[PDB]
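One chain comes next, on its own, written as structure tokens: the form deposited in one PDB entry.
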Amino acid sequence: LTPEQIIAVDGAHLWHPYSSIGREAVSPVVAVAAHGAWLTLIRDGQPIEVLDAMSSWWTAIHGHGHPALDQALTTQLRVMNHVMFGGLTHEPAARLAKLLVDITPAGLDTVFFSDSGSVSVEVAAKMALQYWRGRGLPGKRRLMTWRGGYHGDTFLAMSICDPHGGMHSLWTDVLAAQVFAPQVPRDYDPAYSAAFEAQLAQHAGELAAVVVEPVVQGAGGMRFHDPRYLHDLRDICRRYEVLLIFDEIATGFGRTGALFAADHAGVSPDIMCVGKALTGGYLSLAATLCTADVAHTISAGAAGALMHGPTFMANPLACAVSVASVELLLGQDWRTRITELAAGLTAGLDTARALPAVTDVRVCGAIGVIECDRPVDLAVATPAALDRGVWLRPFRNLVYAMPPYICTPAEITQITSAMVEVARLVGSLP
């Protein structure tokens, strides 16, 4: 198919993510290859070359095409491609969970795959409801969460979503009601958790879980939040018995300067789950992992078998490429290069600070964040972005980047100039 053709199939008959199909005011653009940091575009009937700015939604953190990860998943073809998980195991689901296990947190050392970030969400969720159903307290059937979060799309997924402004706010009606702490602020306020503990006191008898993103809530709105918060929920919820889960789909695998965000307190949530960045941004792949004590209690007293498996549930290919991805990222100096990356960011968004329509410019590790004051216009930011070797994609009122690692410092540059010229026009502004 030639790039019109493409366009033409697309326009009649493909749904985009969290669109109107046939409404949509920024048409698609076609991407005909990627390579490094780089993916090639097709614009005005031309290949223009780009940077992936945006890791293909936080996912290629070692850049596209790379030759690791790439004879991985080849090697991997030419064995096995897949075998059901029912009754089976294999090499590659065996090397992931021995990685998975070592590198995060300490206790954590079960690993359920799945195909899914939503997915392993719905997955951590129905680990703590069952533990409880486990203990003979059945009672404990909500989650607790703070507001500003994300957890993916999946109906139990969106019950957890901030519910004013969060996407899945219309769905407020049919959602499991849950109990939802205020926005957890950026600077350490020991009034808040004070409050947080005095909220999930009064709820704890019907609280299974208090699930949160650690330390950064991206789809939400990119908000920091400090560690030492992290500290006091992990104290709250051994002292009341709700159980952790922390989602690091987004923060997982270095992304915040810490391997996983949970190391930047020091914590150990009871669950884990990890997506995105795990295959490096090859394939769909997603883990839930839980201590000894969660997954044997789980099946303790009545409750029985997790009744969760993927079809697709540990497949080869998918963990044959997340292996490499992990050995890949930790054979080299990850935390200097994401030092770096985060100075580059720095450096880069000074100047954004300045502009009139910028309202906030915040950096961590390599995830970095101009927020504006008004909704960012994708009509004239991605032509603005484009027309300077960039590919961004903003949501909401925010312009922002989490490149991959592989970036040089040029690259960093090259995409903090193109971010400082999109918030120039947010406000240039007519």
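The term rigid core refers to the most C-alpha atoms you can superpose between the two forms while keeping them within 1.5 Å. Residue numbers count along the first chain shown, from 1. Compared with the form deposited in another entry:
- In a rigid core superposition between these two forms, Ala300 is the single residue of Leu330, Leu99, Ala195, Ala300 whose Cα is displaced by 2 Å or more.
- Relative to the superposed rigid core, the position of the CA of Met167 differs between these two forms by 2 Å or more.
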The other form holds:
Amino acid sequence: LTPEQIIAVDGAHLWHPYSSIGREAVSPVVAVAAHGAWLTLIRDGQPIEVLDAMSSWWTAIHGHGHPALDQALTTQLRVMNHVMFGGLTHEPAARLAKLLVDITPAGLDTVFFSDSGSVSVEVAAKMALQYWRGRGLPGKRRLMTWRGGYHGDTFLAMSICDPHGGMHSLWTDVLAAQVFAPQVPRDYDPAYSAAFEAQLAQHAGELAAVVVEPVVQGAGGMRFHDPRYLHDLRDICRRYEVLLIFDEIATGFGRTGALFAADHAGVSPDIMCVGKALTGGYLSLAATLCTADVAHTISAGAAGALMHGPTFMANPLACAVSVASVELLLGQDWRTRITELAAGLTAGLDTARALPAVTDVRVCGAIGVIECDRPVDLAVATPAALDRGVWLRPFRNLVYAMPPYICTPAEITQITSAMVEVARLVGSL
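Could you output the structure for the form deposited in another entry, given that the previous block was the form deposited in one PDB entry?
This part shows the chain on its own.
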């Protein structure tokens, strides 16, 4: 198919994320290649190379087509594409499980592989509920979180997404009613934690778990909070006998400046989810880790097993590329790399603070955000960035980037310049 033919098929037959059929304000742009930090896109019928400032939705941490990751995939392909994980095991699964247990916050000893972040969140919830059932406490079945969160699109995951953000409005009566604390603030205020505790205390006997995104709330608004809040959550959960689940599907694998965002706080959750960058952006894969205590309690309960098993559980191809991606991250000075990227993002976005429509500029590791005082027009913003050689996708009032770790200083300058200019056009009209 030609780009024109692709557009015709797409408009007629393809759903996109959170999209319509037949009512799209702008056609999607045809992507024809991806290499390193660059996508090749079709603009006016011609192929142009642009920076993947979004890392293709947090995924492309090592860039596209990294020789080591391409090689890992092709190597596994020649030996074993896939076998069922029911009754069989294999080297890619064992290698990955071992790596993940070693590098995640202390105490996370068991690994349940699945196909996506939303599924890994549902697995996490299932672990939590089956845990309390194994303790003879089946009343502990609700979840608590703070506002501003995102945990995926399956129906349980939706129930802990921000009620405004995730629109409880058109989903009233269908979603499980969970417990929501107020939006966690940026700066540390012990009074927020005390209030969180007081609210949790009232519900402790019906709560299985607190579930949060640590340090960075991603799709719900690109908000940052002080790591000390996670220290408080660990303490509150310990004292009131409620499990703590960290959703690191967006934050994992160096993105926030630590290997996992929990490391900023020096705290371990009872259960942890990982996903987006796990395979370095090659293939869908996710994992849910839990402590020995959680695993043994589930296994010793009346049920005797965790009642979940995805068809493609622990897929050898996805596991093999993940092993390569993680080893590639660990085998370099990733901490200095992210620090340099953060510095580059800070320097490049600093000029945005003075712009009339800009309310905030914030950076955390390899994440850069310009917050505006009004919604960003995608029909204006997208071509504005493309003409500058950058692929950006604003959301609501946010112009943001989470660039590949391989981006040079010159590339970060190019990304930030495009971001600043998108923000300039917001306050123009």
